[PDB]
Each structure stands twice: as C-alpha cells, then as structure tokens.
Amino acid sequence: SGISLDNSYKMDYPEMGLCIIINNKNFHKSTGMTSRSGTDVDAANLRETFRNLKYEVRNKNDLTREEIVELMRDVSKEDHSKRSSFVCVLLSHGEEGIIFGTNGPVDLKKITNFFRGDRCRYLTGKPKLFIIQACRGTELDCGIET
Amino acid sequence: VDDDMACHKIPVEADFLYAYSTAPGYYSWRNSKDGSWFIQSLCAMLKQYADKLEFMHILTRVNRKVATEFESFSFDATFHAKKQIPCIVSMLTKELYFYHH
Amino acid sequence: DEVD
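Protein chains in written order, with my numbering: chain A, 1 to 146; chain B, 147 to 247; chain C, 248 to 251.
No lab work stands behind these hints: they were computed from the structure.
Hints may contain errors.
Derived DMTMM-like pairs: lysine to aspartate or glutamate, alpha-carbon spacing no greater than 25 Å straight-line [to be verified]:
#	chain 1	residue 1	chain 2	residue 2
1	A	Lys82	A	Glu56
2	B	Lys229	A	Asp74
3	B	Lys179	A	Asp40
4	A	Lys60	B	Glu241
5	A	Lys54	B	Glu215
6	A	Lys109	C	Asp248
7	B	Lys211	A	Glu96
8	A	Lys54	A	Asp40
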C-alpha cells in the first residue's frame, strides 16, 4: 500500500472499551467526610457523554476502599483484546495522590498500577485514561484580574 | 543509540493520561446543584468536540472553560471568589481521537 | 459551591 503514518492510537477495535465511573457520594460517618452533593449530576453526565462515545459504561456508587481495589483488580483482568482503550472516572474526596473510598483512602498509584503495561497485557500500547474529580490538597487559587 | 531492540519494550508507565480536575496541592470545586466545575466542563467539551479534536486539545478547552467561566461564591471570606485550573498529565505516546475511519 |  501507500505511505503509512503511526501518529494516532488505533481506536477502531470492535469496542471502544470500558468506562468505569466510581461515584462516591455518601461516606461512613466515622470518616468525618461530608456528603458530596451534586456528584450524581456528574455521574449521570459522564454516563451519557461516554455512552455517546460508544464506551461500555459501568456506574458504581459508594464503594469502600476495599471495593475500589477489588473492582480495579477485576476489571484489569478482563479480556480487553477487542477494546481500543480504558477509561476510569473517580468522583470523591481526595488529597494529593489519594482518593477516598467511603471508609477511607486509596492511593491513586494502587488503582492505576493494575493497568501497568506489564500487568494488564491486553491494554499494553492502548490509552488508559484516568479522570479524577477530587481535591489534591487545601490550597485555594485567588485568581488575578485580566 | 546502542540498542535498536529498545523499541521491543515500552515503559510500564507509558500510555496513561491523568485528567485531574485541579492543580497539585489545590482544592477542587463542586457545585451542589450543577455538579463539579471540571466534570461539567469536560462533558460539555467532549459533546461538542469529540468528533472534531484530538483529546489533548479537548482537555485544553476544558482548562479554558474552567479557568474563565467559574468563580466560587461563599459567605466565608476564606472560600469566596476563588478560581480553579485543571491539570492534564499525559504519558501518552500517540494522538487520541475518539472517532475513526 | 463546595470543596472536595
């Protein structure tokens, strides 16, 4: 055939891939974390948006830290050979490098490590997108006039 | 270059993209009625541009939308009139378009 | 407006 370029990810596999949305609204009282009013609006918007991009969307609500880790492990061990990409959206409380399960924190590195090139072979070479709505600390941006 | 078979391996951290709602060290803002500033803006820009723009360009539009259109309102002076910028962290090795063919 |  003619000249070929290799500058863009192959996104014409039979499936776009999974879009896992973890929507943590209500937290165990002992954590002292507030209910995240408005997050269901986010979860519904994401579900519709990624549906229209042809992702296989799975919405999960109010997962403990243990449930988050088991979900990521399980999802990373699925057959992704027919899938172009992987998307995970995390909606929760957080701190730098951390997102909260309903009963306590999870290191983001623990979640994303399941999908490493050497640990998730059916996603090797494929884009792995993590979308994180959570605090990264307590600084406030005062802005500047333009 | 001393290893043409270098291309036989890729880094285990390659091909990840982390679309953070906010800059390192910062709070992230969520409106109780409208949803979070970032997710609101992300969905709007994907709906408008996923059949048109490469993903990093979509996320740059999200950065601009969050940066320009949102400012907090609070009765607490500490939390009032604050701004947010999201933070695109890319270890991708290729351009990403959600459409094909 | 609330923080996360």
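query: Given the hint that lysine 211(B) pairs with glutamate 96(A), does the C-alpha gap stay at or below 25 Å?
result: Holds, because 23 Å separates the two Cα atoms, which is no more than 25 Å.
query: Taking 25 Å as the top limit, are the C-alpha atoms of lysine 82(A) and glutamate 56(A) close enough?
result: Answer holds: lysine 82(A) to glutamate 56(A) is near 12 Å, not above 25 Å.
- prompt: When you check the alpha-carbon spacing of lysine 54(A) and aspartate 40(A), does it fall within 25 Å?
  reply: Measuring from Cα to Cα gives roughly 21 Å; hence the hint holds.
- request: Given the hint that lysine 229(B) pairs with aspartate 74(A), test it: the Cα-Cα distance must not exceed 25 Å.
  value: Violated, at about 38 Å.
task: Could you grab the alpha-carbon distance between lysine 179(B) and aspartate 40(A) and see if it respects the 25 Å cut-off?
output: 10 Å, holds
query: Do the alpha carbons of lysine 54(A) and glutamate 215(B) lie within 25 Å of each other, as the hint requires?
result: 29 Å, violated
- prompt: Holds or violated: are the alpha carbons of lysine 109(A) and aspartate 248(C) at most 25 Å from each other?
  reply: Answer violated: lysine 109(A) to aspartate 248(C) is near 29 Å, above 25 Å.
- prompt: Within 25 Å, alpha carbon to alpha carbon, are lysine 60(A) and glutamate 241(B)?
  reply: Violated - the C-alpha atoms of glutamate 241(B) and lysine 60(A) are around 29 Å apart, more than 25 Å.
Hint compliance for this structure: hints 2, 4, 5, 6 are broken, all remaining hints hold.
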